[PDB]
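The chain below stands alone, shown as structure tokens; this is the form solved without adenosine-5'-triphosphate.
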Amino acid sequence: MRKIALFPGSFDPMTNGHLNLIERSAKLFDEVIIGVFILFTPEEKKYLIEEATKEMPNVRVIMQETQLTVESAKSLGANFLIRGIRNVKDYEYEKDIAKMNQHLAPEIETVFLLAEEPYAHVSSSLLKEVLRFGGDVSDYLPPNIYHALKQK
């Protein structure tokens, strides 16, 4: 049977780091479900995310009204969560989340990949602040998300 993974996240905004991880998990799982956990509408956001990922046949996007990620995985038939780790802070944060999740849904595995070195310093919080100051972060964004962004 299939191995399906939920990639949860808020994707505000989606990054090349995000896509990179999406790309690589697409190679490892039969399928990958990107759960966007809800300025930019939930008709909008899914759009851009679907556009950015169209190249991979076994990926799809989903607006999850906010709720236990393991609930939402259980519903879609996901036995795997997939997450990236970029630095120690990130490791300890995800490790906590993964331990809670194993408590709530022990039959779900969290699986990790390391961020690719070009994207390891990138976090939405740092990104937004730079956007807000109008630095050029175009190299870190899927271009559709980029084109989309500059009506701000």
The other form holds:
Protein chains: 6
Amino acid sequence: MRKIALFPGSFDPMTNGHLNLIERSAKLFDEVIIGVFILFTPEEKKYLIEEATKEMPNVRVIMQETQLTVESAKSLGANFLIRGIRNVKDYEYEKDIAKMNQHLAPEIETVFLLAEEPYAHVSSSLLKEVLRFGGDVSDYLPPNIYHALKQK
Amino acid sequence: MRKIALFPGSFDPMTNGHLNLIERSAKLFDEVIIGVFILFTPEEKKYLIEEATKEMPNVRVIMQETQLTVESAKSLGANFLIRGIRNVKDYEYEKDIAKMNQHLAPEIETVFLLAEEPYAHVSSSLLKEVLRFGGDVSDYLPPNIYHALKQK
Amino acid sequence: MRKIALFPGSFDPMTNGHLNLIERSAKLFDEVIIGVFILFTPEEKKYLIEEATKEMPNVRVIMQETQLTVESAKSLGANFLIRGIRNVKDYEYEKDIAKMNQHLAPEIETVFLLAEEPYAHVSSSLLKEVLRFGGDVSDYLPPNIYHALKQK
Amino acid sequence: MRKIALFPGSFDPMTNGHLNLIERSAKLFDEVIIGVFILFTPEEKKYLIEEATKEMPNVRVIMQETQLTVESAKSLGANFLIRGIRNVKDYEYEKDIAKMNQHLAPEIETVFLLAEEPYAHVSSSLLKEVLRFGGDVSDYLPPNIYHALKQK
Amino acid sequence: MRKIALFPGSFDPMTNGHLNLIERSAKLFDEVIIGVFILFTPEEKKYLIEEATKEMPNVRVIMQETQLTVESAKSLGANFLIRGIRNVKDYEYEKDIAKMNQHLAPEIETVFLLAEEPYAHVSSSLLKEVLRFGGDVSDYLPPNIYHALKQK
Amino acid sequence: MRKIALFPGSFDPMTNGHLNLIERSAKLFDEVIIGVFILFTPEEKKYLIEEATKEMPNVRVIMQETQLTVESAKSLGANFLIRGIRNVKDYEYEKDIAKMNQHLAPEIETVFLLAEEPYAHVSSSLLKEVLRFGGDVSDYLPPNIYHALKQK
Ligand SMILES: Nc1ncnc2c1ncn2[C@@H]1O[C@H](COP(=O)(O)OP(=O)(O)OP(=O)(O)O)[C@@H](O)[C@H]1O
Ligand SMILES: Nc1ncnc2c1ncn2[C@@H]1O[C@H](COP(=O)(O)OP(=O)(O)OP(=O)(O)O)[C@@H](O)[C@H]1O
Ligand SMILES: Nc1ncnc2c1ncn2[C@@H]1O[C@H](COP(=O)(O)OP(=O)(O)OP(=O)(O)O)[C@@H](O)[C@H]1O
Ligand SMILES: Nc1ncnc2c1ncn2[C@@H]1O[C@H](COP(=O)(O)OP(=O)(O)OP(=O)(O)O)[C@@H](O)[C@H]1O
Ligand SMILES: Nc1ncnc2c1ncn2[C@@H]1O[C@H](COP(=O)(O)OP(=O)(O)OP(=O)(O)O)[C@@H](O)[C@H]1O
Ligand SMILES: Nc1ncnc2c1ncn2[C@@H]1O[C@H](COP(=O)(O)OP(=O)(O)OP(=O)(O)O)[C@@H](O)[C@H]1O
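The structure above corresponds to the form solved without adenosine-5'-triphosphate; please give the structure of the form solved in complex with adenosine-5'-triphosphate next.
To see the whole picture, the full complex is given below, headed by that same chain.
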């Protein structure tokens, strides 16, 4: 049957780094569900992501009212969690999360992709800090999300 | 030196990880003092922690009015500080703490135990986050503390 | 991409760690190729490994002469490389290898699974050394391989 | 031409570890500019630092109202950013910051010095925690900042 | 359990780093055994190490032929293994070894001490590379071993 | 003080990674001395390196009968050692070496540059592994060093 992955994240905003994982994931799984686990306005926080990922048929976006990531996956039929690692810090953090998730839902596998080097230093928090000071970070954001980020 | 050890921590709440450390420490030192160093409240912790440790004759619990850990050790006559390391992050954090403590009190030794891998991913804050969303983490808490915790 | 994966290694011997990654990989990929790159005999390894993974319809074992992993993958039709990470040292080593493979074959994706904590300390070279001295590591090897190991 | 370095930091307060970096980079660069990228009014944080660095002719202090570090460097003709690394956490954090600053200002080079061992565990944050509790960290502070510090 | 500890190593040669751990260990255990697992001949090494530790009455030196550390401990009545950590590399290495030893002998506890900063960078191998080139590392070797070492 | 830096390394072969550090530090130092510590032939090494660094005025190539690095630097007038860090492994390794060099020659400063993204996974040895199997690493070597490597 279909191999379905949930890609949980804060995504405020979604960056080219997230998008890169989504593009690579879309080749690995039959379906990728982007889970916006809820600073931004979801109604369009989800719209931005949908816009940014429109050229990929097997990807969709979902808002999830706060709950355990695994319970969200279960109710979606996702047997796979997909996560990214950009450095040692992510690794140790994602490792604990994935063990906890394994304890909570042993049937769900967490799968890892490493950041592509162009984006290994990119995170939304660093990006927001640079923009808050006028720095040009357009090369790290999807055009539409960059457009929208300006209005803030 | 006298084989007396202080095990300082928040224990908010105490996990099986802490407990594991205490059990192993009880085998090494003549006395193990658990120092609850004050959102679960102080008087509460103590009773719970005593309740969970009652089967170890050489373990006892004290509430320590906020102060330097090494001054608290001196008062109690503890010559050893017991810490646990579960990953690189703890290692670097505990290492700086131990160096500062050695500057403040060179006669006091910091001793380290590594997490027993069933609990390497376990911390009170991760447990708290998982409980918030209804996760079952009873395998990670002493029964007494789990129940008392289900009053949320 | 076609869900065809290569899991490259020397597997001398294969451990429950490798087996564990193969089992989890088998839930995701249509085809998991165990690529044994040529201390037993080639024909013996293949037999041991096929025997240890016979319960999995979508796993195959293929002996390969040493060469570029991505050349092996391309010969066999694999679009994915499966790697495991048991600690920081593996992470940093695997990341360099993955980036190099990305340079050599951009169309091949390296996918990562984290060691299941019971085997996180296990590698063939720690096992060998323990075996050299009569240590009981039967918990860490497929029973067919552990038997074979004693024999010689 | 002159090699000029900006040394950005919150210096809250400046410690002997900072002072050690400043002294060492004062030998490496023709000029070093300490940038207090904003307790005691920074109107005095600048004086504290100025006082502490008096015996070094090629060192200046400026308060850059918060702005992109590289923008500050550019407007001062500083083609070098000087950073310290105490540990792995520092390394990964500074590395992301240097990669972003490279993207923002490719002509500016980030240069790193390792902490000298007596100060490797020293942070303003740790010092403040110890000071809060009465601990003696006078060895970790320039005399003038220590004095100016025991008043709140 | 009996506060008897084994401190296993090659001690080729024994460094002030080693000596530092032994001194600190002699304060914690009733008996510390330096297990020297076979530059110098066994008899020389034993004399060297005995000479270097003769100031500590609860320290003893035993030569041991290479074998499982935990069975050497079992033969000698040691319930504790004492190990040092000087960096992340050491931590990950000792962690795997401690987990294996725990699997081989669950009743044996491995206890860790962090390197004292002066010696954090000190290993026998590095010390030897510096020695072969004439560099003065006398500050890093007990005098008797230093003297002995500069006679060949 | 005039700023002259020694860049010690094996350089078999020199990569675009090394070249990258040389270009960057040539902008920081009055003189950069490439110290080839002598499988490759030195006359070769030197000519290859000198040719790959032809159009940098303040860059000089030298080979050292091997001796302590800080001795070779003192001989040359180099008050600075320049190193690169690609990852955590490099960092811990270079940190030990730098501390040992601080101890041997406290007057000599070790200065660090972080690898830039394109080359952070590149090392001579990983390169050789790949070359030795016909992989294309021409993007990672200076063109002359690349042609000269065809023959072997
Ligand atoms: N640039 C990137 N490259 C690869 N993976 C990434 C990147 N950014 C985030 N990820 C991974 O995507 C997942 C979701 O990240 P998420 O947006 O929740 O946190 P984050 O990027 O740290 O955001 P913030 O900085 O706002 O905390 C995580 O596994 C994260 O490690
Ligand atoms: N599961 C565990 N296994 C081994 N050691 C642990 C474990 N949890 C905590 N420790 C160690 O025991 C001591 C108690 O620490 P403390 O309870 O303050 O931290 P913590 O559990 O990380 O708390 P929090 O997550 O609430 O910040 C610390 O030295 C910590 O590293
Ligand atoms: N116990 C384990 N858990 C998870 N992943 C593992 C485990 N052992 C090996 N791997 C991963 O599987 C792949 C094959 O590993 P490899 O062939 O190097 O075996 P190894 O046991 O590390 O070998 P050796 O110890 O002999 O060098 C690598 O990506 C490795 O990191
Ligand atoms: N003891 C030290 N030795 C060497 N470098 C240091 C030391 N303390 C800080 N630095 C470096 O100096 C720069 C400025 O540090 P800064 O004061 O901004 O942060 P910090 O020291 O972490 O302060 P805080 O603890 O308040 O966050 C950073 O690059 C930091 O790594
Ligand atoms: N300077 C030091 N400070 C603290 N611990 C140390 C130091 N040197 C070694 N140790 C620890 O003491 C134990 C014995 O180590 P070992 O005999 O391997 O010494 P070593 O110097 O690492 O030897 P080698 O250079 O051959 O690896 C190990 O656990 C090691 O990590
Ligand atoms: N690609 C790179 N980017 C940045 N720094 C580098 C790079 N390659 C090497 N260096 C640094 O340059 C210095 C010289 O390194 P060295 O001669 O050991 O080359 P190496 O590539 O590590 O060799 P090998 O991998 O064959 O052992 C070291 O400090 C190393 O960390």
